[PDB]
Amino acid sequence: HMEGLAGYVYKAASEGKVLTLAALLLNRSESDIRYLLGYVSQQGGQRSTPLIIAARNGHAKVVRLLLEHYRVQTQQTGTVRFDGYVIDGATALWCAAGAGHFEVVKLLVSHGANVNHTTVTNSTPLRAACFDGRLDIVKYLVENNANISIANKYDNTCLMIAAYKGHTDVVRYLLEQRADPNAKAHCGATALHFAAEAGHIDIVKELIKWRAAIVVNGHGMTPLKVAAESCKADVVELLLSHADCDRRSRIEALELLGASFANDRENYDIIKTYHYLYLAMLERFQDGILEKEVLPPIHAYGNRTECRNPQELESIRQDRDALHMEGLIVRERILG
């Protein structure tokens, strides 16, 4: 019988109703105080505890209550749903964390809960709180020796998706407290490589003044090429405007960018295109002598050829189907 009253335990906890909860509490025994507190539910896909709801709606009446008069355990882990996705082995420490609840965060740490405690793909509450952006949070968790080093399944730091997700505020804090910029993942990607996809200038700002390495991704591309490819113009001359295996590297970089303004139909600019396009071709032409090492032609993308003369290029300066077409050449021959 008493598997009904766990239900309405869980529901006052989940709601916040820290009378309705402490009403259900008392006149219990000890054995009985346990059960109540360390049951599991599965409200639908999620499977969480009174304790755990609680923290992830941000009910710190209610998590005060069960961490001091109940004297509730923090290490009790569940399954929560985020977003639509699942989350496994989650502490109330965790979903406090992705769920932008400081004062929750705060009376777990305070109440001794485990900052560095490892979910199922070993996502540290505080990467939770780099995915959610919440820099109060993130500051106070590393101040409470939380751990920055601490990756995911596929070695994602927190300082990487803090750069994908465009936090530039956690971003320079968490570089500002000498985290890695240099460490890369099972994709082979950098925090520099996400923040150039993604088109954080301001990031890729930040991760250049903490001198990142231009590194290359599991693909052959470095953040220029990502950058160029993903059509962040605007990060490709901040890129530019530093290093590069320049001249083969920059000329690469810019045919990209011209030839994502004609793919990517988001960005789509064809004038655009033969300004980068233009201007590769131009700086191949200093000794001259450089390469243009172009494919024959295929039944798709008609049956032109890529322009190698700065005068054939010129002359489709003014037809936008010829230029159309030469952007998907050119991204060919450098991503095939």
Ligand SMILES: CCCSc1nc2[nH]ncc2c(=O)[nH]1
The other form holds:
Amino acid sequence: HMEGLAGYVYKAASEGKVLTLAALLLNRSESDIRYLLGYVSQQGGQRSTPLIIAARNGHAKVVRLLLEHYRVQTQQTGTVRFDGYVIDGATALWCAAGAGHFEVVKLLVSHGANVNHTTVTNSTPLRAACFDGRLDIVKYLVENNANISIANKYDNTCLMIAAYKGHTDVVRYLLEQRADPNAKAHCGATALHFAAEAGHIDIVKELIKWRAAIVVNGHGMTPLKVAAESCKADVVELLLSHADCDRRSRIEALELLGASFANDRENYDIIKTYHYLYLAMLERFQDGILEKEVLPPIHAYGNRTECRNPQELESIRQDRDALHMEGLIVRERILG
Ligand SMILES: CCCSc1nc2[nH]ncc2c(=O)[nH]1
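Next block, the form deposited with the ligand bound, ref. the form deposited without the ligand:
All chains and molecules follow, beginning with the one already shown.
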């Protein structure tokens, strides 16, 4: 029933009171030490050890103490509340990368610490740091044999998450190193797709510099066509400017974008809806001629039919109501 002392040892580690930890651990047999330092504590919905919690909270001195003076295994795993969620299989190192405590990361890998050890979702400490964009920690792990190519349970790579979260700094580092831009995920998405849907313009230029392939989403959508739907005009124009997309791919990208400008109540701008929907119409009719098969007018979208000719489109250039409808219809055709 001596686990009462273990709760004081845990509390000392959690709070970073290194001298309190020191006092508690002295005067104790080796049998006692392994017990108190290896006690899995269920405080909260979690499960962790003194070393892990010190790491999770960036208590370097407490962490430096347990390693150099009590030879505590760094392979200890646990379950830890982070940004809302509770992550299972985390080591002191992984927790310290997610929480962004560089100096504790240094301590842990300096001693024995598997930089490639994965959580239950298969997240390396590198992925953690990549999610949060601490370039200092990302650089250090990579330089100590962290594997850039281990991806999570769903093939989400370190580069993909850095692109999604918009860590331009981290993205460029991974590309200069080992990182494969052309990797796909369980849903078909690549680093480019993510960095397109979220409109991280700088990152898209970086991925272009590294000859990343334009491939199709699990939805059959090129990163260009994903930026259209996410109504990311800047990104769409960028991809269109480097790429040599067949007139159809171009037209469908311009339409999907323009259409996305009328409904997207966050970036809603019906006059840009005209700019792109009209531009795609000219591209249709430059001739040698890409005509479009519209859908019959349903009550849901008034009872309008989608403009077939360029002349039909100019007829609503100033009727913001009919253009707001037109966007809903074009997109209804292309996606839904
Ligand atoms: C909030 C700081 C990072 S928490 C986190 N969540 C994840 N989900 N899938 C992988 C990972 C990872 O490496 N870290």
